[PDB]
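Participant: For reference, the chains in residue letters:
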Amino acid sequence: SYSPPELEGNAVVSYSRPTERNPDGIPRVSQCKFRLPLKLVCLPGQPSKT
Amino acid sequence: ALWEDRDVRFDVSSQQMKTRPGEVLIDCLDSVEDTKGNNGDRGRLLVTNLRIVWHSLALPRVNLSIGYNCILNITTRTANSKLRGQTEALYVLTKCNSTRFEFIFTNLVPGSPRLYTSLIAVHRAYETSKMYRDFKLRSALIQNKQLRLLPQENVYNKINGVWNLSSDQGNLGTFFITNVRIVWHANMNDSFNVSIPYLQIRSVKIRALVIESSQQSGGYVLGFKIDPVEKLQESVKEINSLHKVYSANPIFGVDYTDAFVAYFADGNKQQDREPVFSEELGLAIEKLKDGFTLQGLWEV
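Residue numbers (the authors' numbering), protein chains in the order written: chain 9, 494 to 543; chain 5, 6 to 212, 219 to 267, 296 to 339.
Chain 5 on its own, in the form it takes in the complex:
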């Protein structure tokens, strides 16, 4: 469903670069040349709400899309002294489904390098806010007896005595309904709580309050049971209404081809062999490559 902040795509279409409903553009910069691919071609860089995009600005087909849940390090490099003005450069390190890429972005015209700052800022806002768009078990949600609300979140329905049909004897627990996510704590050792976001929900039906996950948190079917079913169907219908009105415009809580092969961070390596034990060092070491030895790789 949502891939803009979860993958890293190359030669993306002119439509997938367009702002998703919940997405929103923040800052832009022209003439940002792309490097780590020596095409020597200019472009335009965009720091959106969920991902960073770069399109060639002359052949807008060739482009890059990097999600914020797939970046590890972002480094700004101020160099290239007096000969001209102090120009910056952006080094982004990315790891998607166990494959490490690195992209470099060179600001050609030294007259507008401010972009490289705001990105950093929003990236923090992307990581400090994951309870908005991700699924978590047993977190630190509950205060003394109440829920700790996110910034853009207020409770809708406050129901006591809502069971959980995934355990045996620690069930009876409160059920908080909010505009961003729905949570249930256990009211007895209140660290068995589940916080499901509307973004991860696929369909709320009955078989009993069955909630299915959207192929990202796996097929996690959650079952709850309440007092006589009047309030039950009431809660189900209001939950479906809130789900649809959210999916209309997502929130995301962010406050404020061979293309891949030319962007590997390792260098001609998209792999990680099976980590096996090492009797030489005593550490878990990556498997050695068909004849190589540790004391032969170490020396020069």
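The shape of chain 9 in the complex, shown without the other chains:
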């Protein structure tokens, strides 16, 4: 029922680089954030004076 604090969302990938000391892979993390539109949480409605 309540509207979210912000429409932005995050997406995070955690992967591994296989190497010589640790062939199991050093773990790395990288992220990107998208911006959602008002058309997902709002609608055009009637306005009030006060």
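Hints were generated in silico from the structure; no laboratory data involved. Even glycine gets a Cβ: it sits at the ideal position worked out from N, Cα and C. You can take every hint at face value.
Facing chain 9, a subset of chain 5 residues (Cβ under 10 Å, in silico):
id, residue
1, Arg-89
2, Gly-90
3, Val-114
Given the coordinates of chain 9, work out where chain 5 should sit on it, guided by the hints.
Facilitator: Just chain 5 now, kept in the frame of chain 9:
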């Protein structure tokens, strides 16, 4: 003549590490550190056809050569957990001319530990095949009436009525000639058979089919006598030909300094005092060392 599979040598030369004619390399692994000697130096491990070799890979002079007829136990130890990958380690226990050594081989880079498996395999192949390169008396060679052949062995000449000039009354027996070894059974209580390998033969001459052993089975002179000597010289010449053509490239039938002092399995002990009886325990016990007593060694 052949020592690669019979001794354990340290600081071996760059030539004796090279593959003998009958020998053949199988698997190799770099960066195998040597331990039980705390030099902390890397190397390279080789599992050949007759022995295992390790050379320092940076100072290739210092090295180790361990024969397969001088190893007792080979154990792989998978440890050193999550902190890095599962690295293995090889523990080899050796006993050459009553002296016990132990070598440890640590795979530093955890990315290639497969070697330690194949070794085990070939070692079995080394022990399951000793009728190819060793001398044996009175073994279980004969089937119902014929010879039980090794894998890489077929008979050449099948001669009946070949005597043995080492006994008195159990002589007349068949003589089998093969490409790996020559055998003679007794045709009467056929468990008095001798199976001499070409590897142990030193010289086949006549004085009568005299065969001498190559200082490993002792000076075992074997004398046989046959029917009129035509077939006799025929057999001698064909035996010499087969001996030479084998010695050209040996077979081995394997299917598929103070250096010593830092590798003792006991610890500052290369010895075994004379085993004498023990009135305390009732067992044959090693002689006690100049003042020590059993009930004083047992307690703590």
